[PDB]
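Colleague: Generate coordinates for the entire structure from the input sequences, incorporating the hints supplied.
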Amino acid sequence: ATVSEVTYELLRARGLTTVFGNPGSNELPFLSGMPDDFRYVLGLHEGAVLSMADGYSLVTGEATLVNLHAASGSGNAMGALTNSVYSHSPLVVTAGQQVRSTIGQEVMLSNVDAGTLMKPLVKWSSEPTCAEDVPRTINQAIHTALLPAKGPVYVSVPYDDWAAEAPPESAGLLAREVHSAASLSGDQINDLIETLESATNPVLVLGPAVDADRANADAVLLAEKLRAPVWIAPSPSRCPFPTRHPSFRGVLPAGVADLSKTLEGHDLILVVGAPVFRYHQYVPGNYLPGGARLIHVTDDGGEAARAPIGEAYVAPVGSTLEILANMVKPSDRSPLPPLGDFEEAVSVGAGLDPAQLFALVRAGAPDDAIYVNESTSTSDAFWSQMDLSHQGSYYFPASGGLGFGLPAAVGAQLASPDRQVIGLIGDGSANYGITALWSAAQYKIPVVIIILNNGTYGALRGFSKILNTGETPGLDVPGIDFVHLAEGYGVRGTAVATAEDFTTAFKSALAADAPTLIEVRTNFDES
Amino acid sequence: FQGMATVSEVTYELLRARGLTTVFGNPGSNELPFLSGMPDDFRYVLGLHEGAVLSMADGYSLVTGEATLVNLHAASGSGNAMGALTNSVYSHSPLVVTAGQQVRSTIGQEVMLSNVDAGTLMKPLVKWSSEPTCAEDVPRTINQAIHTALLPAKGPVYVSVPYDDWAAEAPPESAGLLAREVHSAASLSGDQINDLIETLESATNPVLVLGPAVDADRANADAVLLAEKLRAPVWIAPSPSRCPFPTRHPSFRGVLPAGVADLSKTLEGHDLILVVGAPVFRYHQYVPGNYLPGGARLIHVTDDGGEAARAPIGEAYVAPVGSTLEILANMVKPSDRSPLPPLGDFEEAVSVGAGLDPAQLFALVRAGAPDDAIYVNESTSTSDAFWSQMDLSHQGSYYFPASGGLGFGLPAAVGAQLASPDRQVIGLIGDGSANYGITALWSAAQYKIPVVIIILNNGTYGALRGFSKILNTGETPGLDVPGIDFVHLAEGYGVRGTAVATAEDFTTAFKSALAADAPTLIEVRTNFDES
Amino acid sequence: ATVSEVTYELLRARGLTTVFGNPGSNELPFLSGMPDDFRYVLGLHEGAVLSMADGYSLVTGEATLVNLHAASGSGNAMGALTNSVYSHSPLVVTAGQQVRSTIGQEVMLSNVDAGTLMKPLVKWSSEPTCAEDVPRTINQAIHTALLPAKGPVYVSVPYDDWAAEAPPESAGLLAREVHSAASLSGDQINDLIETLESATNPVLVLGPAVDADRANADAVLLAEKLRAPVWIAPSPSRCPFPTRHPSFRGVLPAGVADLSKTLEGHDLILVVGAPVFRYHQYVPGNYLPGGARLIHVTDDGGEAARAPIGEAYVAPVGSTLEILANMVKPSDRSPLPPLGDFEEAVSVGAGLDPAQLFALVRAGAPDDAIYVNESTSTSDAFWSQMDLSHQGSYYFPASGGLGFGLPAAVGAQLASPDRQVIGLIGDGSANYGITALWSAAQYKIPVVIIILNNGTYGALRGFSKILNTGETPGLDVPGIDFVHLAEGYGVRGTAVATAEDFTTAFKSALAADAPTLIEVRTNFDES
Ligand SMILES: Cc1ncc(C[n+]2csc(CCOP(=O)(O)OP(=O)(O)O)c2C)c(N)n1
Ligand SMILES: Cc1ncc(C[n+]2csc(CCOP(=O)(O)OP(=O)(O)O)c2C)c(N)n1
Ligand SMILES: Cc1ncc(C[n+]2csc(CCOP(=O)(O)OP(=O)(O)O)c2C)c(N)n1
Ligand code: NA
Ligand code: NA
Ligand code: NA
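Protein chains in written order, with PDB author numbering: chain DDD, 2 to 528; chain CCC, -2 to 528; chain AAA, 2 to 528.
These aren't lab readings, by the way, just hints derived from the structure by calculation. By construction, the Cβ of each residue, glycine as well, lies at the ideal position given by its N, Cα and C atoms. Be aware that a few hints might be false.
Below, a list of computed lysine to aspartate or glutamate pairs in the EDC-like style, where the Cα atoms sit at most 16 angstroms apart [to be verified]:
1) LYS120(CCC) - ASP419(DDD)
2) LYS120(CCC) - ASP114(AAA)
3) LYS226(AAA) - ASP333(AAA)
4) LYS508(CCC) - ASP368(CCC)
5) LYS124(CCC) - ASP188(DDD)
Far from chain CCC by the CB rule (all over 12 angstroms, computed), these chain AAA residues [unchecked claim]:
6) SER111
7) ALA115
8) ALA132
9) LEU147
10) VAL347
11) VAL484
Modeller: This is the structure:
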């Protein structure tokens, strides 16, 4: 058996039968041995490749294989790889390397220190020391990617290694499983449940790891038992809670003073499956309101260690929430009132207000749509206006690395055969991942992409107000036709400027067997 | 005192002092405080994508020779530029890349848009990288960054600055920083010359192999004079990124093949290989055999000590390529050989197919294009065609990505053109390559940069079909890129584009494009040999 | 309140009141603010300091603070720090750095990239970006060091930072706790207990994490229930099991072929709290014997991912073993017979055979002595001849980094007020940590150090036989008088070459209230 034959038998064994790639000189020898039950998904650009892989991974929860070209290809993906770290995405990224004997002379398409290139992002990286060790290195890469705290891994393989004889002890590799402890001490539970039934006025703050661990329902049950309001942790990348449940209050602001002012009056903040906290704008003050204690539950030891306040429990979010939800006593307090009806959304301007666009999307879109959002200035509008209740209904770049949305939408859709993925991309964001449109065309991936085109980097105009920087060079991106870009990559696109035309183009796009792009002209509030 | 200056005011006074008045950027939360203090004599060039930004900066740098400033956003923006940065390393391009970082007190908690270990992110590419330990040290860190970028062996440097540092009071002793110069020894021992000239006048049949650093050091003329004096054939070192010699000079023989056995077979018969301004060697395809032909000794002259150390054969001299070549050219004795005959006429260029053969397209480009065009090439399968068919005779006439990192060509062309007020830049980009830097077309449109971009569209990754023959890998997934309209992409970014499939229509579209005051794209349908 | 005042209030809060150090220019400002309830332990050499800290940490289980000097001081400790990684030792190593404004100009005693210097060893390293962040960086360092998988952390602090005003939000830091899930799913248990009661002829292989988690008793109960033989995993750094219990069989050989041949006949290898496996000598072949499946239980996800065979469970070793021990059914199989008598130990030679010296040590030493071993060629002798029956009775350098033994003995003794620590150091090993004798003298630490002096690097003569390298330069270390070295550092020393004189010197040394060193002349088998 060759290193290639054993590696492929192993990827199949682990469910990595979808490969996202942009190929090169040094990866043809890997790709040549590829079996017929595997599918290769080509992207024209490594950032798109990797972000497509990321979206595919987020929807499935499964590890996902990426194959990139040398240093130039791996480098082009570093920006996207940041999002994978904070989204706890088990991408397994393999890179082709030049013939093993020639790397030292730095011949053309040598990756010099391949283990260093992708640090400090990836949890783990290896250039195996010999062809023999390539299969076990890939086994270790996969187990490592799926180990709490989940995350991306990188393996650089010299192209001549694939042809080498595989080591005898490789039937051994296939058989390997690695399990995580899926709970925490019985003693440590009774402390959590005492503190919860103790609290006079508690609040749940929920992060992406609740959505990742498919614990939306157990979060709901725990909010019902405590009659507790529920906020989403700041800078959210996923939606961990039904947005029209009585307990839902929205997203905490990502300012230190602003977040503590919002939670004023609560004696216990229980934060589940989020860092404490993913602040953004620098607005200094108190982490907590007076007379408040914070309990913190996370898969990520890094998150628990680096928090500046609180009592953390490092444990699986799924299990913990399931246990607490099924064992806390219903409280005395009255069940919470139903939420106000959705605020009314008028539009005065040449185009649509984001608030109105999202209300039109709510009315038109399937009950079980998946929304891949990368529309930086429209957050307040989205949350005040969307009705999400399925697991896995919202994805946003977890480190605000732009060029996630368009590609992640395509990848999410490929993973989601019976759920409609709708991309809501700004005109700025779309340019970082535009070539993923070609992949949707080629592989007939029926995504809907909505470009919110306000002619500007809106969120950066928002910041030049808070930072008193004023009229800075390069806030404006005028003169982009996204219909021309879509047709350039073989995707059918229409431009739209009124509610009636949008409702039409959207109803149409949801019916389509093919990728569709709608360019909406949107208005930016210049206060 | 009332002579109180901010870190921003001193940094800007310094960038002006050093000629870095052109800034390439894609902005973010953490860079607005830098950009806000930017003066009026400075120009910001926005790119929609950091790889495009940085490749534009690279092109601008290659034409001028000067250090060039880039400003990127945090970890996500810096990471998007790692691919492009590889080309900067092998092209010895003095890019100074600054990145915004989150407020200094908040980086440890890893708040949103924290770069965690900013110094590690860009290793091992950049020669040098710093996150200064305080606001006070930001000006000197940037001074050091610039001197370091321009120091043999030239290359890219990275500085991550927390955004709150710009507003901090600058250190007292900063008039001192401006006054700073750093000079490199621009020559080598008199004794060491007489060894070079003895070995050269010794050789019964010597050959010059020339690399990018001859073009970088503006030594094209002195290389010519040296080839005239030795009546020596001149080859370009393999996997060239620049053209260091006139391609229609008597001595010109073309590009050495980038295989070990193939290169040594080509130089068979020569007793002295003098390699100037190149690694030994930038091989690509693994074709094993002898590094040198029988009876041959290799002299190797390079600014780069790394290149001299890592070479697997040869006697190297680490010295400035410019000076060395100037000295040798002016002091070697005319040899007892006949001056070399003029080159044959250009081979004839017929095209059988639905489109143009690259050899015919390049012959049409030769006939249409000004004497002094600059060509930015990123067309991987068309190399033999280019060299057999182009008449390059001026410094700085050819750029190709120095680590074959694709997404250099389109953006580097735009940047090269911005730097090149009196010379037409012509991009020759494949349909594959163009997608890695497509957004640089927007920058050309916005800033009214009169580049001509020729997409050679053969519907495929041609050079990878070339490789699946040599590597016996066969029908591999993802060799084909069908269903892309570059005219639609150009018009999408506000560049005027036409598609063309015959010599008559190409000659027309090209004559027109060269007259334009605006970026123009010609999509040529080309033929790929499947037999 | 200054960064120094808050840092000290925090170290006290966390029980880090014992500080091991070698001081310099850049650490005086930290040390000056040290309170009276704290003790500083000076070592003359950073390797010794850090190995002393390691020994102190191993006996207590607690995180332990080290303070080193700049790049030259930190560099001198890199070797010792390797042992801390593989011994899962929560050392918190702080280093002084030059004044923050002057680091860039690389003035004298600048650490250039302090975060890079100690990678890839330490789990985690920071140079805080400002004085304000120094207390939280140290809080994060501590939590990180104690988080499964435990290990060393490094923090470089510019000396001017200690004097800076501390941030408002510092009462917050003190209050912080981080707990680990101290168990694993009820479902995942029933799989373990089925597989164990299933097996016709199972074997326990035990590693250092059993001793670290104070699970010696529960390992015993589980071996009694399965009437199972117990081996220690190869290259052991701790003793996880009573050596005179019926089930005890010794240490597995650290060769691939040799280990699988030893376990031939077993259908289930359960490995608890060790890597799979810590091989040394390259003796190639089959990882497992035919018809064998390996279950692997570890706190370390790194250990579980990189293993080349086995079904791994990443979980707390203490809990797991306690659960299994209390819930597996007693088996049909006959209770195991009492062990063979200790083999006879005669000596023909100018000195003692190691086997005879260890039998003299067995007879003379308290039931509950702690042995710190760094005697590379004497392993077979130690295990065939010692009666260890208590938690924390054996320590050996976990990456065979020499210069652990002498210092770890001193540190172990300082931590161990009512148990006698006995160091068994070779003449080779002793030179790497000799200066720790000074620390024992200064702080009146009643360690007993036995130098086994065979005039040679014995284990390297052992290897030049297996590697057919022959008479290699530098196998011999003649002309060293350890009595002169002891007295040089203010420790009482005697040299000894017969059983009768050893029994005398040893009886005397156990009576001492002061460090004592015995140099025994030993014989090396050149066969
Ligand atoms: C790779 C990368 N480059 C730059 C940024 C900075 N950035 C964040 S918000 C923003 C504006 C994006 O514009 P658009 O998508 O149009 O959103 P809008 O604010 O207009 O709703 C930019 C450029 C980033 N986060 N990531
Ligand atoms: C960033 C990057 N990804 C992948 C490669 C591998 N590669 C080498 S040539 C090539 C095909 C591009 O060819 P194209 O521009 O279509 O020109 P042609 O081969 O048709 O002449 C690719 C993808 C690379 N060099 N750089
Ligand atoms: C820091 C370090 N350097 C070198 C070695 C290699 N080494 C391992 S065993 C050994 C010899 C030590 O001999 P000694 O302690 O006298 O014991 P003996 O072999 O005679 O039992 C050496 C040099 C090592 N393990 N650690
Ligand atoms: Na916008
Ligand atoms: Na092509
Ligand atoms: Na010895």
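Colleague: So, for every hint listed, does it hold in this structure?
Modeller: Checked hints:
{"no.": "1", "hint": "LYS120(CCC) - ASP419(DDD)", "verdict": "43 angstroms, violated"}
{"no.": "2", "hint": "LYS120(CCC) - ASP114(AAA)", "verdict": "12 angstroms, holds"}
{"no.": "3", "hint": "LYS226(AAA) - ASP333(AAA)", "verdict": "10 angstroms, holds"}
{"no.": "4", "hint": "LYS508(CCC) - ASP368(CCC)", "verdict": "14 angstroms, holds"}
{"no.": "5", "hint": "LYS124(CCC) - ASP188(DDD)", "verdict": "54 angstroms, violated"}
{"no.": "6", "hint": "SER111", "verdict": "10 angstroms, violated"}
{"no.": "7", "hint": "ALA115", "verdict": "10 angstroms, violated"}
{"no.": "8", "hint": "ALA132", "verdict": "10 angstroms, violated"}
{"no.": "9", "hint": "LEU147", "verdict": "19 angstroms, holds"}
{"no.": "10", "hint": "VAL347", "verdict": "60 angstroms, holds"}
{"no.": "11", "hint": "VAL484", "verdict": "49 angstroms, holds"}
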